[PDB]
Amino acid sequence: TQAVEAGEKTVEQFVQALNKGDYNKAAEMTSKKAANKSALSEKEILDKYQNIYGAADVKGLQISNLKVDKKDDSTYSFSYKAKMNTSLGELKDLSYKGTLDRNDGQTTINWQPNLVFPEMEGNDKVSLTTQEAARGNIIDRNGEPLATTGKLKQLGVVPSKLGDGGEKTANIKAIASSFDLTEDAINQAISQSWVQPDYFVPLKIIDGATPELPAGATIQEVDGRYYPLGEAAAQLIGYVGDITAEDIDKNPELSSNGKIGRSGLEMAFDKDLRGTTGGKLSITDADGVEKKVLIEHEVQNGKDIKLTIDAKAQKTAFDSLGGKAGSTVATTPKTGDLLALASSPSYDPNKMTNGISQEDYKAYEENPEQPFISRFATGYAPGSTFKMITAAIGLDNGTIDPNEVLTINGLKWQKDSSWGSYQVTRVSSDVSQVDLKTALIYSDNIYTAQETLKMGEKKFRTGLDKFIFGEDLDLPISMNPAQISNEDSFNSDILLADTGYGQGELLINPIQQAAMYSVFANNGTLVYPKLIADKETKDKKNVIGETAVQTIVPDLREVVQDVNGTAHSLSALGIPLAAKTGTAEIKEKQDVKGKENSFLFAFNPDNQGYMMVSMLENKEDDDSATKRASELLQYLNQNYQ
């Protein structure tokens, strides 16, 4: 009994060495090489595990049901059940057994081939055959391809079929001008350390039709991942990359030759899209005869993922941003279907997945507008669009009378002298008797600031807490929950008023804004957005009152229709529009000149068929989201009713 506890310890640390992959440490816990003892030397055991466990990518050996007995003055037997993870999934219910040795004072293991796999004897071999799974597709709400696997045209040259000096330089210049490639990059491609004179050195993937091929230029079809919308949906869809050895160490069920999603939905739905590897892991005898099949199953190709995205709305939304920094979210607000999730500027995901230059990748990483940012999932201060919610809250708690007129003189206002030099500011002093309708049409900050301070912080937060602040949206998109402020209290009349008209410490991303603003298309019911097509519609009742929606939406119509409405340029469409604009000012202590973000909210107040939230980040002068929304509004109004 005093020594049986030492034997259980030995089996435990032997398994732990195999589990951690230290096959050398496990080999040094074996007996001397002899009959009825260890079957191989320590260095031979190290190679046995490294070859076999490495061939099947064995990872995580954990055991159970350990039993250690005594059969002799120095021969203690043991047995346990074990399970492990391999390239073909989990291998469970493994019955291991053996013996130990109690010579001197320490305890060692009489190693045998049955401690690699249970059924192995002597010089048995292990064989692994595998079949790659085809990656599933990502498709829009109408089955159009967003991410698919197809045949690509691979352009490349063979250095020997170019020339010997003047004939080679003439062809390199002819190939550079015929396929739009840097002539200095073609000479750097055939000069890499892996290139032989007769090899096919790939250059670029031509996406159109094959032009005339000069001397030495060839075209070779190759299968690869393809994104039809290109940069227009790069942030949302993402890209796949070559699987590394480090990836396999974390998940052995990946394909060493396959692709793995690196960002976006390709990474979010990698498990569903990549499928499962098929094949057979078997033990053979010394003659090659199949002795036992440990694992075997057929290849399961990846499942397709169908999104709510409209591929034509996505491309229209992205192109409307003109390469400027910004984002656009389009929904069907009654159900929550996300029609478009555009972010700009963007990167080329096809170039990204077909091998990209280190120079081209750094141009993306050092672009000040940062194309890699998923701006539709980035929190921003919403701007004056948030007045719709402050007003709705004020109507529900009886603070705001829609017809009551406030006297506001000039362009500046402060509660009292304790605000110092700070003042709320409005753009026009032409209306001194301001009601809710006028405040929404003109976007009067002073009206909103006074109504917010009038209702107070308690009532304001009571209405705010009924929305989705702090909630994690059920979306396959990485994002942080929206916030009202940094802490649970404003502890500032100035901060309270600023929050009223959408400034302050508010942080809401465009998707969360589309969710909060859905109340005005559902009589005060919030409808959570939805990206996966088959998902069920989830909502939130009684966020704001139905009375508030009936009061505010007719005013939002006048934001478009009134001759002085901030969105009056949208009247040219001639379609039923309810809108609200906004311009947020950002001045952190790192930039001298301040930045401005433009915002636009718009939906159909007749049929509630669509709803959009567009924004421009660090906008240029004489630029806005409203300037750019006509084309997407025409499409959404025509196709979503």
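Rigid core here is just the name for the largest C-alpha set that superposes within 1.5 Å across the two forms. Residue numbers count along the first chain shown, from 1. What changes on going to the form deposited in another entry:
- In a core superposition between the two forms, the Cα of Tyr422 is the only one among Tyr422, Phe179, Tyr199, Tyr361 shifting by 2 Å or more.
- The Cα position of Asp69 differs by less than 2 Å between the two forms after fitting on the rigid core.
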Given for the second form:
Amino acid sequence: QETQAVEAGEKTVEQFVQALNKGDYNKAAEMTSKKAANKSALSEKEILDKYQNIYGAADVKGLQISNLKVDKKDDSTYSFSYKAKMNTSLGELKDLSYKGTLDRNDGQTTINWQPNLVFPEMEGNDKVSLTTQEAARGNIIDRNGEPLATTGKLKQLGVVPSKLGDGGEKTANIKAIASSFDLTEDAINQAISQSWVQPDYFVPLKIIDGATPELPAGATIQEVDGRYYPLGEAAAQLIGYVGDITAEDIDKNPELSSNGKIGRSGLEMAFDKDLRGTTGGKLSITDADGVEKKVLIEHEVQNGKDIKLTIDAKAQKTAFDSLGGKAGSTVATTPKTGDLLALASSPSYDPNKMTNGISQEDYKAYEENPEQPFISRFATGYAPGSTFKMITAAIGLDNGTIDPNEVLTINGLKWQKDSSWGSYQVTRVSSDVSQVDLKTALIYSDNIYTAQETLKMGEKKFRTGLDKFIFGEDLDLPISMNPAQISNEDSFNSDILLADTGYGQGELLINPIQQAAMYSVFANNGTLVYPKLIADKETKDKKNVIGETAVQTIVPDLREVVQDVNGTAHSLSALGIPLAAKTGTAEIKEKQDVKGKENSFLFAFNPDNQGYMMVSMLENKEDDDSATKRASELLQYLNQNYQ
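Next up, the form deposited in another entry, please; the one we just looked at was the form deposited in one PDB entry.
Single chain only below; no partners, no other molecules.
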């Protein structure tokens, strides 16, 4: 029964470590011997309190042991020893050498508990102290060092209920404050009326940006430090925001500062580790006289690193403002390198109001806006619309299905292969041109031409051309997204779905960033250049996506999308800048709608220098609205600064 008792001790030690690992300090204490010399040093409840105070002070998480040995030191007392490691608010404590003894009384093996089982070299009434220094959060900057996310001094407006009034003069000063700072009068009274307020306390109200006006009776400006976003809502979905760190955050990662901020969405969350730095300080053991006897962990505070983006701050603000608060998104790149210059999504939310404590109704307004400003539309999969005719055309030119000079005879406004298609009709906007070749189809955006050429091409050849793109690939970007898909399954099993896919509808799902990746072939002679968001990242590409001949056939036609008097983007010819473009619509029918909606698209790049490329979309567009109707300002800027 000697080998069985060694095994019972090994079991006891492992159960002890498990109860500590799980934070159940009570169960760990109920596995100890009685309080006595050469037994347990403290009682059960005293062991619970010792672990709860000490392990809680250092935020000890996850105890793991190794090299466990249980031998035999006595007839009723067995000696054990093991290595161990744990995680604390100052990092990982490794190579901890624990030792002790067990007790075999009756058929129960208990642990002769000692303070050396809290931390290795603790005796009797030793204490533990933890000193920490907060790490300052890093900055997020654009391609020219402009601040996108930075921490700075903010002016916090607040009122003291004492210096206010008693009744009549109180209500007067309140309304004066509510008018002098664009605040609700009921909000000021609701603020000073919460349970935490004392009559002399400073009750904060608002973070005032700009210049402080006149301060009426009771109003006082107080400087505080906090995160600040200069572009505001214009970059909210991309940058994100930070919020107060909670107890649940600490239970998940103790190396966070329980007093600091954590990124909740966007890049602030994607690069939270790099931006937050690492806490500095010292975890030490002292004797009962406060004399330090062992330093367990000690390292200096390392501030957070900066993150430099390919983003252009002026392009980001121009791209967002051009959407007029309507639902949509705009992506701008330098297509030869993939530098993402702008990632705008509209409508948007205020990230400064978000991180400076937002009202609960103001949050609900964001959450119940039917346009849903919280959506990162540049990372959300959409059907690319009839813009996708470029890709289907290039595939058709590569496999010899499409002769650029062959003229299909197309009569009327709607077409279908036969009657089996039922209510599905491929539609075009004009019946004035019945002799349609490739150049005419691109200039006028003729879906009937594309649907017929797609059908003639066939599913196998269509997919062989599509598989050369980035469908199914996870882009190497710090933005949450799903890979693009051609359709739901590997086979269309439907001529309708095949034709619908031909001009960018069907079950296609491609987010705006993935779209700009695919469309970059027309600025790199058939080579796909993967988009890039981090400035120092190396350019990556994929070669022979479409044929070099196909690019040389299509780009001249895309020039005429702008230059021709009846080209779908002819209003951009006014710019007087070299433009190759392609408009598009995607027909959407969602359950809540009786009538169908459509998304408006624009693709455009500089065909002379290949310096920029843009893909804008309007989601559920209103009547008399389009993406190309809003692209003049951004196109002028991109042409001037990116050649």
